[PDB]
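Next comes just one chain, in structure tokens: the form deposited without ligand AKG.
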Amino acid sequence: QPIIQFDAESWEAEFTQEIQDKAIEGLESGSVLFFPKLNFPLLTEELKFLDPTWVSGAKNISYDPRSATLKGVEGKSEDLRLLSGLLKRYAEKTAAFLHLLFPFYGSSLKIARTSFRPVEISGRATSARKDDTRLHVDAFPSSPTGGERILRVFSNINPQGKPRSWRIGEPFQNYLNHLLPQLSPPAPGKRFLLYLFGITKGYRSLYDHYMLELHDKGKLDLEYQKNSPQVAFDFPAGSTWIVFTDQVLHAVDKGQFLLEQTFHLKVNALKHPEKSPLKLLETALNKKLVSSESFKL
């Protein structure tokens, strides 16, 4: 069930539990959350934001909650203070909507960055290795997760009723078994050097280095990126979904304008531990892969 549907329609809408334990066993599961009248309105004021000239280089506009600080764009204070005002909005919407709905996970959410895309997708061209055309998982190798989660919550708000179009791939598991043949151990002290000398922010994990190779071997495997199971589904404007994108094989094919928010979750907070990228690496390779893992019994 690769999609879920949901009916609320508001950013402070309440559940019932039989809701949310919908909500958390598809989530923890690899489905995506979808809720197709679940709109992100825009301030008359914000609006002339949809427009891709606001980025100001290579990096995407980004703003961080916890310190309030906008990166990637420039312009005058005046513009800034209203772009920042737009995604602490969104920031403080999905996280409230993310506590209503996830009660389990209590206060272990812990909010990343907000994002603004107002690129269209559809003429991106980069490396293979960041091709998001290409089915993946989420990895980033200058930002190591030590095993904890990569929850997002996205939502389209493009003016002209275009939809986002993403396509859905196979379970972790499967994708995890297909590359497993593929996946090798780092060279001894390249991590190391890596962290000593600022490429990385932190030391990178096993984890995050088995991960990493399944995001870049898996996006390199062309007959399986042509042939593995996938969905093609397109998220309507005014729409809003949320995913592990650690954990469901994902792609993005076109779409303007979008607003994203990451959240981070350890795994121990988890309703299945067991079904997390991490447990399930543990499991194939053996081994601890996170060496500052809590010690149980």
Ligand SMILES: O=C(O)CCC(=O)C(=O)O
Contents of the next structure:
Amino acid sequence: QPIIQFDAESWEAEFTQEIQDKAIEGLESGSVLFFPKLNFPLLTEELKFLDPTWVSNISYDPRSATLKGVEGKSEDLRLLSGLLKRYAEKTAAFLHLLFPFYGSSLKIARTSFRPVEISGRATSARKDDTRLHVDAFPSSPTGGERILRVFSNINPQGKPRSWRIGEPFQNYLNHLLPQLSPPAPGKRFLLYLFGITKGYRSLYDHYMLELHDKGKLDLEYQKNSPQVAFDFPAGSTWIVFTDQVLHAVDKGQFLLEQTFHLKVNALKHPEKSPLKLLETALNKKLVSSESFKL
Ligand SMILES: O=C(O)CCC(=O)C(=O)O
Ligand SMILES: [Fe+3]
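Please move on to the form deposited with ligand AKG bound, as the form deposited without ligand AKG is already shown.
Zooming out: every chain and molecule, the one shown earlier first.
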């Protein structure tokens, strides 16, 4: 079931255990959790930010209270920081209400505001997010940790955000497995020494980047693989492990996004993670820092 719909309409909603179970089982199975009625309202003073000219996308780090990617007057940067900080706070609260099993293992990461219309985008194949992919960032290895994202469509003209959702990760990995290759010896160490990567690119991160890139260049797979097109309405929110769920965006404007990280050993079913699926498929440990279980 690629998309599981929920009725919650508040960021402070209290959930029954049954809904919590549905959410964590769905999330870990690679479903998108969809909240059609969960809107993220803006203050009147923030409405001015609903304009693409503010990008010079925009990112905020809640851990350091630092805003990047935008220039302007102090008071405007304060207002924009306040908007993204509120999105970080509300998404973090919501995830702790919905996923108590993860406890304090949820680690917030960067907040993103995306005011540029998607349908006019055109770039190199590897960063073309109209192509189905799982998330893997060449400059930012994960060391196996999960990439969990919360998304909210805040389009004020009532325009949906058009996604496509692909086949399960295990089928994607199987399709691309004959195209995977090990890294060149010493190359990842040089990327680390040279500051091209933030941290060391694990073998896991190498293979996730290969899946991401080779999947995007596989034009027959992009055209023919199983996929469902879904429009997320304005005023809706959705939650997804974007390292596991194949996704692409086709159209839309004005998105808030919050990234969280989660260690694999905090998952209810760690064997369903991309890390463990890749380690099983290649019969090897793919992250050197891995904790060892006696
Ligand atoms: O902009 C979007 O709606 C999706 C982009 C994407 O692939 C992502 O945030 O991981
Ligand atoms: Fe993505």
